[PDB]
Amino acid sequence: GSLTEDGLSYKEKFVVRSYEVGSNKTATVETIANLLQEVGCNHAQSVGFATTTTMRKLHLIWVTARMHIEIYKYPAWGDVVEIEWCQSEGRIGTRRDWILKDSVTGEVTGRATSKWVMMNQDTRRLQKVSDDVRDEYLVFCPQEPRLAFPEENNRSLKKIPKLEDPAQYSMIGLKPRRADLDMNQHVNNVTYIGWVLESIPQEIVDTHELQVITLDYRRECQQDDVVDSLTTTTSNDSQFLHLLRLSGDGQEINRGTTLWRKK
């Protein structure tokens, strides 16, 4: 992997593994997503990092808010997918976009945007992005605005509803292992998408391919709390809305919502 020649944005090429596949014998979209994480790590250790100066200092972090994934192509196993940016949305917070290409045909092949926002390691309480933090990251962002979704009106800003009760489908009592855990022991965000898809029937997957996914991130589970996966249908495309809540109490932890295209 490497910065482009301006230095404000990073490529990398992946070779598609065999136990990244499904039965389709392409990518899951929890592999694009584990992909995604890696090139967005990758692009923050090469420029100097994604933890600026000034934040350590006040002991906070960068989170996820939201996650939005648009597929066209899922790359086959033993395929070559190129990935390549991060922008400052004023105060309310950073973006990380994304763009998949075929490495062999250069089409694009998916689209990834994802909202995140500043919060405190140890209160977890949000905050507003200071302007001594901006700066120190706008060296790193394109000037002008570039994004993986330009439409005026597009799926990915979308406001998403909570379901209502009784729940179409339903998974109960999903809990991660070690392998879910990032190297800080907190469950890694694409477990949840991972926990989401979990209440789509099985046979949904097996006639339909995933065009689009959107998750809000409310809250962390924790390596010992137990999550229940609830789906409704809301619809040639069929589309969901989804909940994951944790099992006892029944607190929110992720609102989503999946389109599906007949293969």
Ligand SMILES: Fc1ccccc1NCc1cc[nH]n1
Contents of the next structure:
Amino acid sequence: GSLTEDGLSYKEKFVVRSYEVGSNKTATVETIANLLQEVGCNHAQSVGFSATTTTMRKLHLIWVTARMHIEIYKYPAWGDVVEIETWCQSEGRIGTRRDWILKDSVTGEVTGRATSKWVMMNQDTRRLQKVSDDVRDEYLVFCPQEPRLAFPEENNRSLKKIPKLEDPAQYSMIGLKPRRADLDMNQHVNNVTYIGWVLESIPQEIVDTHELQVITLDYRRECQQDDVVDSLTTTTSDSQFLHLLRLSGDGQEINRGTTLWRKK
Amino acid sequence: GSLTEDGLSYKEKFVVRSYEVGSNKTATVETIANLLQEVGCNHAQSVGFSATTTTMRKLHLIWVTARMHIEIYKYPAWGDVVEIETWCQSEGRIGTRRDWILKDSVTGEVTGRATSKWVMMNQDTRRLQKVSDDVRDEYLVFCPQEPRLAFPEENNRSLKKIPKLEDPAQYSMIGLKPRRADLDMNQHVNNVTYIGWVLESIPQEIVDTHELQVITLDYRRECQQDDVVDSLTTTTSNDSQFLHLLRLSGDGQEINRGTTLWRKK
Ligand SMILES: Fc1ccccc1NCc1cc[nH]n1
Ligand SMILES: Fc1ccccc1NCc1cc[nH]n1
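Now that the form solved without the named molecule has been shown, please provide the structure of the form solved in complex with the named molecule.
The complete assembly is shown below, putting the previous chain first.
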């Protein structure tokens, strides 16, 4: 991969792997979400960042995902080359936004797009902190100054408030626990695992007859390595679902989201 | 990737990803095992296979892994390029053997190696069968004629018989179930998931203080999508060795047995 000519975004090509595809021989949404974080990390590395921290290391400050919104028009097939461009932007003292555009390397057509909201927090106390002033200046030289949005439509799906699922859930997948392949290099559960756990409560008939078009996911609390998760789903409708991930025990909320699916 | 000059093996380079590494910032054994199957798949596609033949597809025959043996000397770090060469060989009517050599792309040094035993089975009845001569001839033109082994040693670990773990197991990880990311394109559990399930019953102190050097895994039965698995481990041993058993949580039906060797970091 490489930074673009202006140095304000990063591009990278990926060839879709055999173990990365689902039953329709096209890349899963978890493979797409993993490629999004891989190009995000390479963008950070190329411009001198680590959680993508700056001098926040001495203050014990990290970047954490609050929301992830993915929209896929065409899933790349096994053997296809997919090119992904990513960039960040400051959104005031609330946090930063990272966006992505996914294209077909051959035709040059947009096959997908994603946007994510990130907040600053203290890694130890887990307390959210508003983005200071001299931390803002450190990142600004790597972001476009004019707004550049993957989801430009004012008041779009990525900015829509998500409600809390009411019991009883229509569908459920209980006793979900992470294994070592679900942990990142810092032994925390990978953000991508939570996407798979949400999709576990979608009935197989929906997965077999439909294709996932949109996914919006709020990250309210992290699931520890020794935690057990319940995945809940209710149809709100194309097919739409409201989702909730919570601790199997006391029912403490870890995620809430929505998915939109289209008939194949 | 590409077939070598003689067309009897296939090479491919992989750059290690951020989400592919463990706590010590090096590629996990599950990442390595996934790259081994990816180059195996690309070798098959380059020579006109699915890895079944049109003769095998009309008979509903498939190749299935009976045993996987991996030995890693140095795990590639995040950002490193690793080159893998793979080739197959007929082992008579019992089945085929697929081998791998993993090298550092920069220094050219061997950082790992693997060998797997594959048998033929009817897709539907799950009944095994010895390889027919017309099927044997179809693959022979893609394999070296002289023996070419990743594990040539007189007394090598890849061909040792594995015993059955006796209850009570020293350690256990109960209620393991596969999710959709654990299924392959044919909705079967990926062979790599079984490796992760075996390693789940290794205590975290071992994982944190040691590095996995060797893993031998027998595949006895398949885990269905709706099945629940128990992972059992007992220390059999500076080096640390373990005997492993995967079985259905309910009736205790065996699905895997294996051994792992670990060395102090
Ligand atoms: F890694 C970067 C490259 C260019 C501009 C900004 C960053 N970091 C900010 C950030 C927060 C969450 N992801 N990225
Ligand atoms: F796919 C191949 C390429 C070249 C020679 C042989 C094969 N197939 C045999 C095989 C592979 C795994 N199990 N059995």
